[PDB]
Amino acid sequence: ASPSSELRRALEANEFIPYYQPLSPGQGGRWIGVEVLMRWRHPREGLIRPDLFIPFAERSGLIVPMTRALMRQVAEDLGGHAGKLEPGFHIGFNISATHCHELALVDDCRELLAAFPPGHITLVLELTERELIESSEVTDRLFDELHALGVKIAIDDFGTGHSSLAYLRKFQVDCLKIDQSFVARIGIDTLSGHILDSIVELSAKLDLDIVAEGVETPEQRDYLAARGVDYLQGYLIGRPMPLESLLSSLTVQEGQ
């Protein structure tokens, strides 16, 4: 058996499915976007989460075709329901390091954006700090061309000192993610609060948006709102959901 061939078979069989995790404004209200997460609907194993196969998919060299197919499914899923999405609605993808080493990503983004009315959605790509530090002329060109499409870049796994500030400034990054591990320790751990405040401080310096992950309690939500965090996701807002569930909830939020 070849794990690599199994991944290619699954891709051919359309077993990699987008799940949509909602993003809420820090001050509450209607959902302002979704982050798309790739699940594997395996006929025998059931629904497998991406932390269990994406790292292997990256090693196999298949992560870019998988992500491309995901972006195409999202266009098909949501392109016809623009009237359920308030203008400016965010659609987020986790982009692998290999995807950032080639310019095809620009065409992938251009294609997804063409599935919606012009300017109707905001495409957000999530990268790690490593992709900025281990950059080349290709990176410079990529981010430039993405920014000209109106695509936004969100960064995770970053430092908050002047060293990291230089990279974030050079590449004109748009958003910072607060990791769930920090959010989970709100009200429990003083150091975690100081870290959280440092992230907020960096964001103010460079005028960046902040998305906080793993928001599960009203305490956490309120703490984050108090510091001006723009967007929240987590169990409190909602778990990643299949399209059918997303459309149902957007339909409700329409009417209200």
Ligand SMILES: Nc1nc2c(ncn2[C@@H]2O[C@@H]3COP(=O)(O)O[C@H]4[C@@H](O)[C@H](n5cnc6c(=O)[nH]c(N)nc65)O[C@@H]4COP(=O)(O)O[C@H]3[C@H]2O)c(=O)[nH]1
Contents of the next structure:
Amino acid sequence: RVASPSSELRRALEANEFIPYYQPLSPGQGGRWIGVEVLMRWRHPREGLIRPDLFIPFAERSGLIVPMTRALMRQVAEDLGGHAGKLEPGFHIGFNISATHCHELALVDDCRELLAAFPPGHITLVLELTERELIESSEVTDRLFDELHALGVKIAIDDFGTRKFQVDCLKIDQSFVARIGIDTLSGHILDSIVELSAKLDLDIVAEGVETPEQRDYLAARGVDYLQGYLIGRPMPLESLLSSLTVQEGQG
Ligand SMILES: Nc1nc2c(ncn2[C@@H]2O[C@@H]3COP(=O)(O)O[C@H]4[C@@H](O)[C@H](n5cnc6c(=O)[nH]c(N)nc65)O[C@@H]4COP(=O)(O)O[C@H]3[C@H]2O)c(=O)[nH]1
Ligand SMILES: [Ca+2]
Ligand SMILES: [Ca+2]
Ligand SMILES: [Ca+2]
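Same protein, different condition: the form deposited without the ligand was shown, now please give the form solved in complex with the ligand.
What follows is the entire complex, opening with the chain shown before.
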């Protein structure tokens, strides 16, 4: 009896096999990193560094994604809370959140605990939800989103464009960025998302910026922040600290 995917994930979680990788965001117009998206990685003893799409789906169905995310947040506080010195005041730290998470308030404690691992106001904690994760729990029962804002947590909509709330940020899915220059329809729709963000007073991140064409196009329309291989791949702690060290020493 080789035990299941279930016991496998709980095992890994007890053995902290789930680690943060960190992808930088950069301002639309370039410059020092202003934040990171924390991306889960599974460092598997047997198989190597396994990537999220192979395991986040079972985490969500089994419910284990909730504890997993808590562990990840604690790890990030441990990873970065001692090195606040290297982080531009207001540095954004984003975490991907599941729909299961949006039930009940514990999440508020987790956010409070992380925030409390840095000096007050020195970072901005962001939570990324996809549009369908808001669908399914629609609208009403959310003192949760009120309680999170009153601690200064921000809410971003992930993979946007692929209803309602107080959300603070939109992240343009990489699918639109990928088609810049190459199709006018896609371009116009993307200009619309951008224009809407501004009407509603939301910040906007473009994800999957890989080329200078893409970067320049987005910048020309006042996209607030960029993320992608052009700026930097997802990377382990050591590389992030090394790269931030460089950025503090010249500007
Ligand atoms: N082609 C291309 N790809 C790029 C580029 N820049 C970044 N990426 C990849 O795009 C994904 C981040 O997007 P996501 O919409 O959060 O998509 C994430 C997110 O939905 C989910 N995920 C990751 N960590 C967590 C987590 O801790 N909790 C939850 N619920 N989901 C997570 O897994 C998805 C994939 O994560 P990764 O495999 O790390 O894949 C990452 C990242 O490595 C680029 O320039 N080009
Ligand atoms: Ca998610
Ligand atoms: Ca995301
Ligand atoms: Ca995306």
